[PDB]
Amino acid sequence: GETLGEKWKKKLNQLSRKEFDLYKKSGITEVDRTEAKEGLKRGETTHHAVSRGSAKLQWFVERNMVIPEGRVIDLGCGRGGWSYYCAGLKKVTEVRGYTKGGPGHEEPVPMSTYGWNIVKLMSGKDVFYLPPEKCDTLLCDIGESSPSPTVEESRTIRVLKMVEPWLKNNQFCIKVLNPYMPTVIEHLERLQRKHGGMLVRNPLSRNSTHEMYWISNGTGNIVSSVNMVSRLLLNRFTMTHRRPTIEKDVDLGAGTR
């Protein structure tokens, strides 16, 4: 070492509460969740996204980086934002979600947004012990943050090792929590050389995370893009803070398919 990402991590861990809270939102895109969250409080089950995740995935999908189709397996679906988002797409026929749930984890939130009937969200499931099934689309947003870059390296590599057997010339969108550490990068290079795809940064991600996403469509230099992200996040430290770009939250409509 040390990578630019590790420097970013260093500096991040050196921030105070105020500096952190102003940095994490500085210059990023975020969707207005006011109405969605108020609606969810009133117990509404149409239109609303159960979390910020639906828009986060929509960013990828609208750019054709991942194109959900056929049977969609959403590992670690949590509340179900990605599953509920995919349920509305014409090419999607089945949505199957597994999440850990229980104490300390988000349960699947039952909704009646457009296409809910083709969605099955299952809790009490450790995806790491789940036998890989046949699917046309594989999603994965797993990766628990830590102040230690190395702990994150371990968790990340564990996630990649878990998801690889699910990949079969199919669409995928897979969260890479810590992409700047060297062993993760070699692993990703091997994975890319076997299954293709590219690492891309989602603009709705906060500056407080170096997370990138291994998506199935397109190609590129991984190390170059990771370091590109690193220099961006570093620049945003010294950049006069910019209030985030507020965008419309996704609307998931209503009805069965």
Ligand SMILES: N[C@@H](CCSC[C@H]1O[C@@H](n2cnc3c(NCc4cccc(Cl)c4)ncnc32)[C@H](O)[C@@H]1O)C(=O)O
Given for the second form:
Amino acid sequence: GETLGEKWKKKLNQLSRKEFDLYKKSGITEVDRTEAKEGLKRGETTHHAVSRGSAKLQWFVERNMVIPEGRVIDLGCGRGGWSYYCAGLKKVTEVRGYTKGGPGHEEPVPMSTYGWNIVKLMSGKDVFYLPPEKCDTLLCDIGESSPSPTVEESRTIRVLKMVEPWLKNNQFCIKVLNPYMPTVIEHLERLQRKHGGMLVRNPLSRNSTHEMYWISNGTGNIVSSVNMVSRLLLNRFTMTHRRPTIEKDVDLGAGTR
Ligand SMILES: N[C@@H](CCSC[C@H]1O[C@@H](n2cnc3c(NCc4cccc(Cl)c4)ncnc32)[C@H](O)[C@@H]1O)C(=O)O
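What's the form deposited with the named molecule bound like, now that we've got the form solved without the named molecule?
The next block holds the full complex; its first chain is the one shown before.
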């Protein structure tokens, strides 16, 4: 090839575990989960986001990169961070989340946070087998990291192919697990011409993944954005651990819509 991303990946795989754990959060942003974790351990059902995902999606929404509305589909919902977040938003009328669950996979967590009544989370659902449904907002956070970039290329292309029939001039935010492999870039470019949007790096993502998100509201050069991330992540190998920038987690409140 060999792409910058592929060079990054080789370096990452060389790291000792100790080096890996220091590198993965070096200079990133993260929300302080202390209060939420404690609440959730005690079975508290209000205010707390169930995962770091609520803040991650919030970052895109507060920047208008995706603007959830009407019927929201959340593919690979896990515990439900994206779903519960969207459920509290003014333009949102219904949230449908699908996730695999079972061994190796997070189950949805029931909560009584704001707007929980327009929300249904369904486990036991492999979205590769789901036929597309009409939706006003399509979200997808699927993509499992692997030491092998060709395994990740395969997973990423599977996701891109799976999501396309759900895209019908709607709002969207889709995880692209490995955006640097050449075949992925071709698919993304084709998809961009057809459905628009842009690839964006979220500052809350760990340095241990090259994930970027395809969001509906933006434009830009995919190849440039991907290389920018590869250079960033590579540069973060060169210095001692920079402690992450710590921000407040989201308060999702209580009550119905
Ligand atoms: N955003 C969330 C955090 C969510 S993190 C991502 C979540 O997605 C779930 N998951 C993984 N593969 C899945 C699959 N098909 C398999 C598959 C694999 C690759 C490509 C395709 Cl098309 C299909 N079908 C359904 N769920 C899957 C996984 O258990 C995790 O909870 C939060 O805020 O909390």
